[PDB]
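Encoded as structure tokens, the following chain is the form deposited without Piperacillin, with no partner shown.
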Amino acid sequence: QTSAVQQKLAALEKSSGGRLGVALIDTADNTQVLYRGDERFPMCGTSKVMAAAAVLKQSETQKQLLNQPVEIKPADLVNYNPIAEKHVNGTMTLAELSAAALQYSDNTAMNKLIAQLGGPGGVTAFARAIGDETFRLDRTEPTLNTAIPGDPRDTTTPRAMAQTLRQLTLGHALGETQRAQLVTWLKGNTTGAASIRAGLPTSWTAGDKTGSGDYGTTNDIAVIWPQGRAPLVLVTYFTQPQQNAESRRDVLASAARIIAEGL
């Protein structure tokens, strides 16, 4: 019950010293490749996809929701807010907040998405509404990135996130216009060239959302359009034993390369 690809991922994990979780869904045949697919991992920034998607869902019954002005106050600034800091004492729309959270990993923007949903539980509720019984958001930014081993808060499994990402970006979890907007945002991500995409052939295209947290937690979730093939959905989660561990985007790139070579 261990494939050549799973063995390679195990070897990669062993050399890395951490814990690796992978889930691939190949839409050419719906087959899946999992490595620690049912183990929980801290989502970190990858959770921003669920929050933005939940707001997109709300916009389906409110054509003007995404244009609503949201006030940004000095007190709203958290640890990393490259976009929101420019708008302090001004306003940003939910579309701007979604774009900032997804493409720049802006934490103040993520907090506004969470607040629009009524708190972290509002994000979890949306996940449940779309068939994801695993995902859980328990805290806001930046504490949702503590990534403590064994802590179930703000975690999901690779299998669950891959299934959900497929439903959101390729399936019908969102309306057609909303699905297109989410894909456009992911494709425009600025922080993913060293992660999953680094392990793919240059000719391929993709959209992704990275995650970075304590315990050297290094994550990436992507929707990929390989050259001449139906799209793939790939989740790569990685976490380490020490709180101050360094990021390892190279491990995610390696996992993606193994997955690509195994197709």
The other form holds:
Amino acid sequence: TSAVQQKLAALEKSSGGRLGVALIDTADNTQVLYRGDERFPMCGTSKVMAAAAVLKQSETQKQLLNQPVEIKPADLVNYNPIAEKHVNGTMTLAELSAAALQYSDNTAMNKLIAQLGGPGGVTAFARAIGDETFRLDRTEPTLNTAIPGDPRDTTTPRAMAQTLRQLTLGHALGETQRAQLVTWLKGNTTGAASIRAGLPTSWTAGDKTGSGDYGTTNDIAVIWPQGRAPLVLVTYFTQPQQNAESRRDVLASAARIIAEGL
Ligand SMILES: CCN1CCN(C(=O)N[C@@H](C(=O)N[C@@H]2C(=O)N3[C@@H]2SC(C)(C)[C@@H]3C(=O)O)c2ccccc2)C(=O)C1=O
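And the form deposited with Piperacillin bound, for comparison with the form deposited without Piperacillin?
Below, the chain from earlier opens the complete complex, with every other chain and molecule after it.
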């Protein structure tokens, strides 16, 4: 048990919930894990895998991202800030990817899932890039039930960090596609209270949040510290009761412990 791991355990102790952390410092490829191999509900953090899978398809079905997708009134789910504006019209797969990632639009996510042939199509992409842990089982919004002990729509912090590294800094995607993914993550609108809130102001980052029942509060990020090689950081958090409140502050604290321990 390292000093950083002990600090994360202390944070978890006062948090009321269960915390999972995985850092990969590309300066030396070292990792810092806390409950790194335990499963957590991904919620919206799964949107990165879906968008990346569509980016991979676009490497060979070249005009895929410009392909229109019909948005019907019945497609709308619980949170669709972008899709609702296009009901009875269309959005391209690039628009759907941007909406899913940057606004966490759930209807947009469902269109990515549908393009991939269902939740299993997202899992299939995960397997193709070496992630044997990730599993997407349901569409939005039920993939957010986040029931303790339920393996559906879960992953481990270790697996997600390795995957995010491969996708954003490695070669799981073509160069243009990796750049597009990084651009989308950097333009996220929903992350300032999470991982980012625990980083020095001078650092830059891209991230994708997730939230669900059981006060499930997640964030996965690629970070560029001042004067350092990039980091990949996953912070997952989930609580014992279905109606628990969101705790983005716990993710921010975890990120601060990680930054202070570099
Ligand atoms: C079948 C019954 N059932 C299961 C429970 N459930 C949900 O927990 N959905 C969450 C959700 O959609 N989360 C998606 C997600 O992650 N993103 C989007 S929304 C967001 C911007 C808060 C978030 C982000 O980026 O942080 C959600 C959480 C917190 C408040 C409202 C909704 C349902 O939706 C649902 O219907």
